[PDB]
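Participant: The lines below spell out each chain.
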Amino acid sequence: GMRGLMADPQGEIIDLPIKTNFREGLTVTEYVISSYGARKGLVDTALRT
Amino acid sequence: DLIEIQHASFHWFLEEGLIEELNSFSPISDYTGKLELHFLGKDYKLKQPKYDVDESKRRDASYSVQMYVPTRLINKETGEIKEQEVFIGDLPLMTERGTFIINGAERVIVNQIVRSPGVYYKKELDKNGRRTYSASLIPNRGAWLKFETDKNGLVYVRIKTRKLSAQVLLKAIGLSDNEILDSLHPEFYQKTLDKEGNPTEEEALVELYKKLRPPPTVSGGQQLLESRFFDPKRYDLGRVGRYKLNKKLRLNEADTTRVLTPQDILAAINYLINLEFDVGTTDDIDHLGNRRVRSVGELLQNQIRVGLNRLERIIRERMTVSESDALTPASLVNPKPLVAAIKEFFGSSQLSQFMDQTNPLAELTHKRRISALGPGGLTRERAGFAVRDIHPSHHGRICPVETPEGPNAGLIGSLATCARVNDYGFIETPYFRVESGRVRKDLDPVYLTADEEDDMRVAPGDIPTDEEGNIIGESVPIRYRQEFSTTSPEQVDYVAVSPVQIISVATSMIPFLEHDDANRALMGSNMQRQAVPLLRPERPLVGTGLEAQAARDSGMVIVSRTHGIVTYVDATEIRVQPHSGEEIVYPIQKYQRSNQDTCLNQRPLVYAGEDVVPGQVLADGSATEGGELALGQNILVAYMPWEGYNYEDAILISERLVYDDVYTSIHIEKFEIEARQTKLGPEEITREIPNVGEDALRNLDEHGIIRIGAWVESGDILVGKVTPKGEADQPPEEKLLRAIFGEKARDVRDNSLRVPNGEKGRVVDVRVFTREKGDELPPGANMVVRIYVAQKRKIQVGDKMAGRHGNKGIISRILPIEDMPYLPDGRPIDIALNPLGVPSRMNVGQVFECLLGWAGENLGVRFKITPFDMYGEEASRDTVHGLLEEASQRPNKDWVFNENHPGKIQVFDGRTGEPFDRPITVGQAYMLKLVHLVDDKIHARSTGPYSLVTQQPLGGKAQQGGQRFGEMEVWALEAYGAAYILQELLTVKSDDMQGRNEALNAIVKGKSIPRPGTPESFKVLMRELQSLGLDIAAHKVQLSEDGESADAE
Amino acid sequence: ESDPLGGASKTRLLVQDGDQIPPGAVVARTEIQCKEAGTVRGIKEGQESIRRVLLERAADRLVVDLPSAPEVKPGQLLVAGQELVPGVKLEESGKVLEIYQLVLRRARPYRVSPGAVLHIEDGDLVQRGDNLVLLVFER
Amino acid sequence: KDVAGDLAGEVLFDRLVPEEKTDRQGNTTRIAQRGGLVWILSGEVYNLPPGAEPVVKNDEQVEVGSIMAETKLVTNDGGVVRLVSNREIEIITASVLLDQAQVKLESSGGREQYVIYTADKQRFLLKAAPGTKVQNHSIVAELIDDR
RNA sequence: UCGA
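Chains as they are written, first to last, in the entry's author numbering: chain A, 142 to 190; chain B, 11 to 169, 171 to 195, 197 to 226, 229 to 594, 602 to 890, 892 to 1071; chain C, 829 to 927, 934 to 973; chain D, 436 to 582.
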């Protein structure tokens, strides 16, 4: 389906969505937006333990 | 070139960094003024080294050079010039790969990222009140200027200590009342001038001394303020601190770099007052325009600066006690505090790290790491959520994917592919100019230094362009002021030069990166730096094309430089002749030991009589194939669950990977022994050792040392060493046993070097380093023997294997080829992977890789697919399914592609011969073999060594340690009913000198005894609390008796 | 070098070296050139207020020549989307300059919610991409 | 919510009045009780330095490459300008030059000082140093006396 | 520093 609306590293939802998925392939613009949530989900795991 | 932050930094130190440190140190004077000492820094020698690059690694030395400067010692009264070259210190040189050799071990210098010097303003709300603006003038070295602004128009200056009024500092530096208000709006400054008095030029130095140093002195107030910001060799803004002052405050003067100008303090107050008038920009601490990086050329400049300051105290303490003349200038300079300053930075500092040399990918990555820790950076406890996240200014400079997971999640970054650091210490990214909707790809890039945020509009390298005409797309997504937007293509300014500009050099080796998740691409980049070099590597079929550039920049690939004709090629050297002393020899290393117990073997590639070009591969490395890099093998894979053998991330391989020497690596271990000097008697290496017969004295050459090429197993003797003893405290049992059969005990004790448990191999280097041979030895040693043992390890059950997409696993079963499933041509299946881990982790690119490598298997073409496309849905699915249709058009291969199920074929079972009910996806996967083998994880202990104080078992595999039963493990047994297991694990297994003897004697005899004694760790705590002044004791509550119990006695 | 929003700055010296300069005279004269020509607007009424100058070029004024009937008011703001007379529409919003070819100066309106703090005045000059208002809302 | 502009030019207001509700919160606020529409006209905006003066008044036509703003650089209290090889200009208000001035660096005894050998058979030692400041009623030279 |  659709990837959705990702957010900033501070928490602000960007108005530019990611209309593709992991089968169609993301763009270079849609890859750095998805990296904001992957880094946020990574550093929140280490502080959770 | 990918290594420019290490080569250009050490080149700047050898011509600009070392000259600037010696020019500021010179000249020096005495207390009276009799003689003066000044150096000539721009004429140093930098003589030849002592040992070779490979010789310094085995001799336990450092590849260093001696530093000599000419020194002119002049005298004030009597005219005399004493010119003499004096030794300064030992400086380790950078090798051809960009590394240093310290004590025989290769080390790197990790680049550390810190804050840039300058003025930074920040809006701060301390409580629910008014808006307060702060300031911070950060220098390169010295004290800080922190200007704050409270409510009701009160601007204060804080110079760690209590704050003070702004008029106290502004008048003590030397100013008038009319020189302040003319360059200031002055109506806001009247509120802070009312409740501050109005001091004169001399009515402010006294009050400044009373609050900083709490009798005031008119001469003490000037010497205190000048030593903080105006004195040389105590306050430095730096070359980049002057650049940031003239940009933020917009100053006209420049090139000061030494003394803080008092006009700059007035400009920082004027920018702070105007922030309340809604004009001016608030700086960001996480912006890369405010964050600098430093390297070996800068970090060595601070170590000689603190090393020459220790030399200044001895040079001034020798020109005052010796009141006589006729003294040599070579005795005034003591090299001992400066030698120990350089040796502390390269061997004892945290930022000089142990180099990872598993494969050439980890060697290239470790020289480009960007860590935020070090002596002057950050702390592991002071790191927060904002410093570990990704800033929007990291686009193309720092890799957002490659970072280690766990504790250092975000603090240790990696440099990107096209990133470059200038002379000021800022990361730059190349960009192509776009003029009227046309990418000008004709000239050199611009290399913007992160100034495209508030001024320029930057498009990434993903937009469809035409052939020099225009841009195809009508809506171009750009980034402007750290926000993404889609504007017209005629309004853009710059465009990226490559789609791999964001990712690093290790993330770029992953094909189909856009189809994988960002969490699994983090793991796929880390597992690629742990792959062992195999015996015969193979190039990938779905490679990205960047493997050829990373192999040449690693330094382990012999390249040509002469454009000549190859004459002689053997397994040790390659001899060519240069043309437009004409016979150069390229040496080839054969099976050299690495830092991570791997091989560094090089193999010849060229033949005799072949034209070469500058930049051609002459001899590839261990983990390098012809030209490109090769870290694994291309073998068949199938995504099907077996009978529980691939249940939870487990790997099922075949027996064909064992006898074909697939995933077979060579590991070379190194052992160490030393014949030290015992004060009872000198130790020597003999062959006739006591209590060892002919079962272990077969490989010795009547010298106590083994020969070359002897197969050693677990429990042998490498070096037979004896040690004299002087105990003479024999028990009465041993005196009666010896008196019967004779055989009186000798005065020596067997201390022979032995092979540890689970270790075997073939001895390849038995190099012995003794005295009177031309090498230096440590004190308290007579003979140093070094043994190198090489072994050939195959792939077994329990080893950790992984791919390029984060699909790690551990092999649990090796099946024969008749039990594995087979393709309809009769070819069996190597790996039977589990398809359940694919859709839960979004590993889609590993399905695109195996389906494309299977198309390249039947064709033999070795595709090179760059990441981050082209037409949508026409570049990944129809590329794979279109090339699989071309492989099915061959008359011999009609079973490769099917019309109903495209990426699937019919697989037959190997045990029963019946086909499966559903078609299975097959393909050629590229798997790697990691360093986490099953041999390094085996540890067991019955009874070994014990601790020094608590008398508990030790911990470690190399010293026969025991497993720790921590506090979370006690809570599980306390939640159980296991009270007797908990008392056994705490008393008879640890910290009891009496209970361990009776428990071990009970098992051998066969009758166990209950009631263990008091543990030793409680009696240590009892004596420690009594030494703190606390009368703590244990009593008995028995009938009419309250007596203290003696737990120790 | 100067920025793109600044313009072209020149350096010229009125007097040479080795002369008799009177006290209270000019020494250097640095002038600022103009990229595009037009009519200077947005002059400040108060003295000693020189921060930025406006240069309305020829491309900033769109001319629309309708043949049916010119129906416009002096000082009226036209929003693109409405129809003046039946038979023609609009494509660019802005203000009208002259009252048959009606020229339109290009502009873009912005709606401000009531109760919001603004950081702009009436009659000043703005740049491309600066903060103007601060809209407040409840969520 | 930050609302940034897209074009540059003159700011025009439509049915929006400002209000000064000054309180002890931040002491710099301006709210609008009736928020209407704000308009931004078109035109190129060129910023000026704070020391420059605008020589073009309102409703004046400009040409391509003409003069827009001339900076008035007036340095009073100076009569003679002197420069050989430098970047910043320097003006000199007073200059003195005594007759028969001949200095010589004949200081073989101790430290190097420029002894002024004038035509009146006098040797003046330069007590002042090249590079330091001098004030009113200061010592600049001192002659050597055999008596 | 690196694995879970």
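No lab work stands behind these hints: they were computed from the structure.
A hint or two may mislead.
Unchecked claim - Partial list, derived from the structure: chain D residues whose beta carbon lies under 10 Å from chain B: (1) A439; (2) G440; (3) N462; (4) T463; (5) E523; (6) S543.
Note that CB positions come from ideal geometry on N, CA and C, so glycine has one too.
Participant: Look at each hint and say if it fits the structure.
Facilitator: Now for the hints, and whether the structure bears them out:
For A439/D, the suggested interface contact is upheld, since its CB lies about 8 Å from the closest CB of chain B, less than 10 Å. Using the Cβ-Cβ criterion of 10 Å, the hint placing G440/D at the interface with chain B is not satisfied: the shortest such distance is roughly 12 Å. A hinted interface residue such as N462/D counts as satisfied when its beta carbon comes closer than 10 Å to some beta carbon of chain B; here the least separation is about 7 Å, so the hint holds. The beta carbon of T463/D comes within 7 Å of a beta carbon in chain B, closer than 10 Å, and the hint placing it at the interface holds.
Annotation: interface hint on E523/D holds; nearest CB of chain B at approximately 9 Å, less than 10 Å. The criterion of a C-beta within 10 Å of any C-beta in chain B is met by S543/D, whose closest approach is roughly 9 Å, and the hint holds.
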